[PDB]
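K.L.:
Below, each chain spelled out in residue letters.
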Amino acid sequence: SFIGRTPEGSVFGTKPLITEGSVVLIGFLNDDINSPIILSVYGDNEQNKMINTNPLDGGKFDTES
Amino acid sequence: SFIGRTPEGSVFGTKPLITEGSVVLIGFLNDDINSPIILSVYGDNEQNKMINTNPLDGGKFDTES
Amino acid sequence: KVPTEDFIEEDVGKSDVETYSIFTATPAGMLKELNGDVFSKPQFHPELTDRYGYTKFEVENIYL
Amino acid sequence: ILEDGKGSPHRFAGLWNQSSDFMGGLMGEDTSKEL
Amino acid sequence: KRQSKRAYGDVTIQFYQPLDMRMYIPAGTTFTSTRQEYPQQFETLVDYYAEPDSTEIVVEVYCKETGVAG
Numbered sequence: 067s068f069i070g071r072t073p074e075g076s077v078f079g080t081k082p083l084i085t086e087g088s089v090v091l092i093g094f095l096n097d098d099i100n101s102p103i104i105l106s107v108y109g110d111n112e113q114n115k116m117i118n119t120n121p122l123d124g125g126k127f128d129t130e131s
Numbered sequence: 067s068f069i070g071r072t073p074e075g076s077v078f079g080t081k082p083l084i085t086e087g088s089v090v091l092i093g094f095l096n097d098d099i100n101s102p103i104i105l106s107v108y109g110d111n112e113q114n115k116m117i118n119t120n121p122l123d124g125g126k127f128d129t130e131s
Numbered sequence: 271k272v273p274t275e276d277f278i279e280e281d282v283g284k285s286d287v288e289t290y291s292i293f294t295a296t297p298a299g300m301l302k303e304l305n306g307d308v309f310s311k312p313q314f315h316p317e318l319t320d321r322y323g324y325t326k327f328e329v330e331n332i333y334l
Numbered sequence: 607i608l609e610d611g612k613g614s615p616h617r618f619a620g621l622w623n624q625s626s627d628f629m630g631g632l633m634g635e636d637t638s639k640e641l
Numbered sequence: 071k072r073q074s075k076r077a078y079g080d081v082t083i084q085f086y087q088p089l090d091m092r093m094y095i096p097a098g099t100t101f102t103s104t105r106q107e108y109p110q111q112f113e114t115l116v117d118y119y120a121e122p123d124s125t126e127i128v129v130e131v132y133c134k135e136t137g138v139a140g
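Residue numbers (the entry's author numbering), protein chains in the order written: chain B, 67 to 131; chain B', 67 to 131; chain E, 271 to 334; chain E', 607 to 641; chain C, 71 to 140. A prime marks a further copy of an entry chain.
Keep in mind the hints are simulated off the structure, nothing from the lab. Check the hints yourself; a few may be wrong.
Within a straight-line C-alpha distance of at most 16 angstroms, the following computed EDC-like cross-link-like pairs (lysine to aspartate or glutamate) qualify [unchecked claim]:
#	chain 1	residue 1	chain 2	residue 2
1	E	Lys302	B	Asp98
2	E	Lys302	B'	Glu112
3	C	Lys75	C	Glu113
4	B'	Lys126	C	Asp117
5	B	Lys81	B'	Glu112
6	B	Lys126	B'	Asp110
7	B	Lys81	B'	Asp110
8	B'	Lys126	B	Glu86
9	E	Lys302	B'	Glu74
10	E	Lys302	B	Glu86
11	E	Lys302	E	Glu328
12	E'	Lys639	C	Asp117
13	C	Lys134	C	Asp80
14	E	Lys311	E	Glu328
Label pairs and their in silico Cβ distance ranges [what the hints assert, rightly or not]:
#	chain 1	residue 1	chain 2	residue 2	range
15	B'	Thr85	B	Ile104	55 to 61 angstroms
16	B	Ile104	C	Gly98	32 to 38 angstroms
17	B	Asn118	B'	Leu95	30 to 36 angstroms
18	C	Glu126	E'	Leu632	35 to 41 angstroms
19	C	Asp117	B	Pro121	30 to 36 angstroms
20	C	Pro96	B'	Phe68	46 to 52 angstroms
21	E'	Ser614	B	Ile104	54 to 60 angstroms
22	E'	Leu641	B'	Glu130	57 to 63 angstroms
23	B'	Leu105	E'	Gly631	48 to 54 angstroms
24	B	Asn118	E'	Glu640	26 to 32 angstroms
25	B	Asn114	E'	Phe628	30 to 36 angstroms
Backbone N, C-alpha and C define an ideal beta-carbon position, used for all residues, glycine too.
Bound conformation, chain B alone:
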């Protein structure tokens, strides 16, 4: 999320949760294989459907309801 060092010298940052078996997007450096970096983590459609409570199927976000 963010990481850095203060003027005093102490380091600060974050350690976002890591999960086994999750799907992660990867982007190779300079399009050279054997150099992966994870861009983000994306869940399955079933998992996303399970962890949301919105009953609406669709609609424009600008609507008040």
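Given the coordinates of chain B, work out where chains B', E, E' and C should sit on it, guided by the hints.
P.N.:
Here is chains B', E, E' and C on its own, set in the frame of chain B:
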């Protein structure tokens, strides 16, 4: 993290912390130079080792311990 | 060995098609200078770079 | 063969339709599972 | 006359956590030393099974090369 506008018109969003000297991944638009966008921020191995309290060297995430 | 008695035709000469001043053998692409140890340590000659300045030749070795 | 555009009967060889679904275990995969 | 004799011994396998399921170790699994001075490899010949709720196991390894390097 997220940004948008409400139906009333007021704008909302987030301002995640920015740090000098940090390493940031960049992806050029259409693979055209002189058009950078930062994808995410990645810390050094020493910095990551310093800001975590997990003593385990490894193991499957499914284990209860 | 082969003498000139067996030569039918010849086409040999110099060529400046290949010309490099700085040579290096970097490790695999996984290692990186910003988030790791030293990445490279090239070599050059002070007189050579005058005619061809900062002409690099990079090769990636999977063994290292 | 010229009759009614039959062509060569050997075109539809024995391997034309005979086949099977593709899966592992044919080379290297099965060597470690010989319990 | 006896030809060159293979080198062999025993090794200890250490797990991060105690084992929950009976795993399988087929023969021929390779073992290599990270030291640059001893790049010789080793391999197993007989399968071994790790019992449940275990923490360590001892298995035999046979050196491919034969001689003083083993």
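K.L.:
Run every hint past the structure and note whether it holds.
P.N.:
Okay, the hints, checked on the actual structure:
A distance of roughly 13 angstroms separates the Cα atoms of E:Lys302 and B:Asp98; the hinted pair therefore holds under the 16 angstroms criterion. In summary, the hint linking E:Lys302 to B':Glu112 is supported, as the alpha carbons are separated by about 14 angstroms, within the 16 angstroms threshold. Under the criterion of a C-alpha separation no larger than 16 angstroms, the hint pairing C:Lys75 with C:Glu113 is consistent with the structure, at around 15 angstroms. About 24 angstroms separates the Cα atoms of B':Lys126 and C:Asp117, which puts this hinted pair outside 16 angstroms; it is violated.
Restraint check for B:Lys81 and B':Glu112: the C-alpha separation of about 13 angstroms stays at or below 16 angstroms, so the hint holds. With a C-alpha separation of about 42 angstroms, the suggested pair B:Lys126 and B':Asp110 falls outside the 16 angstroms cut-off, and the hint is violated. Pair hint B:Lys81 plus B':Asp110 holds up; C-alpha atoms about 12 angstroms apart against a cutoff of 16 angstroms. Between B':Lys126 and B:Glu86 the alpha-carbon distance is near 8 angstroms, which keeps this suggested pair within the 16 angstroms criterion.
Of the pairs offered as hints, the one joining E:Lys302 and B':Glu74 is violated, with about 48 angstroms between alpha carbons and a cut-off of 16 angstroms exceeded. The suggested pairing of E:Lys302 with B:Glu86 is violated, with an alpha-carbon distance near 26 angstroms, which exceeds 16 angstroms. Of the supplied pair hints, the one linking E:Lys302 and E:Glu328 holds, its CA atoms being roughly 15 angstroms apart against a limit of 16 angstroms. At most 16 angstroms may separate the alpha-carbon atoms for a hinted pair to count; E':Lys639 and C:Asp117 meet this at roughly 11 angstroms.
For the hint linking C:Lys134 to C:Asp80, the alpha-carbon distance of about 15 angstroms falls within 16 angstroms, and the restraint holds. Between E:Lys311 and E:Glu328 the CA atoms are separated by roughly 11 angstroms; this keeps the pair inside 16 angstroms, and the hint holds. Checking the proposed 55 to 61 angstroms range against B':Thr85 and B:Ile104 shows it is violated: the Cβ atoms sit about 20 angstroms from each other. The hint said 32 to 38 angstroms for the Cβ distance between B:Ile104 and C:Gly98, and at roughly 34 angstroms that hint holds.
Separation of B:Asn118 from B':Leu95 is about 32 angstroms and conforms to the stated range, judged on CB atoms against 30 to 36 angstroms. A C-beta distance of roughly 36 angstroms is found between C:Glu126 and E':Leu632, which places it inside the suggested range of 35 to 41 angstroms. The given range of 30 to 36 angstroms is broken by C:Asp117 and B:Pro121, whose C-beta atoms sit roughly 55 angstroms from each other. The beta-carbon spacing between C:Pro96 and B':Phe68, approximately 50 angstroms, falls within the hinted interval of 46 to 52 angstroms.
In this structure the supplied range 54 to 60 angstroms holds for E':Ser614 paired with B:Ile104, their Cβ-Cβ distance being about 56 angstroms. For the pair E':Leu641 and B':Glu130, the beta carbons lie near 28 angstroms from each other, so the given range of 57 to 63 angstroms is not met. Evaluation of the 48 to 54 angstroms hint for B':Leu105 and E':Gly631 yields a failure: the beta carbon distance comes to about 40 angstroms. At roughly 47 angstroms, the beta carbons of B:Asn118 and E':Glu640 sit outside the given window of 26 to 32 angstroms.
Taking the beta carbon of each, B:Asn114 and E':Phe628 are about 32 angstroms apart, inside 30 to 36 angstroms as hinted.
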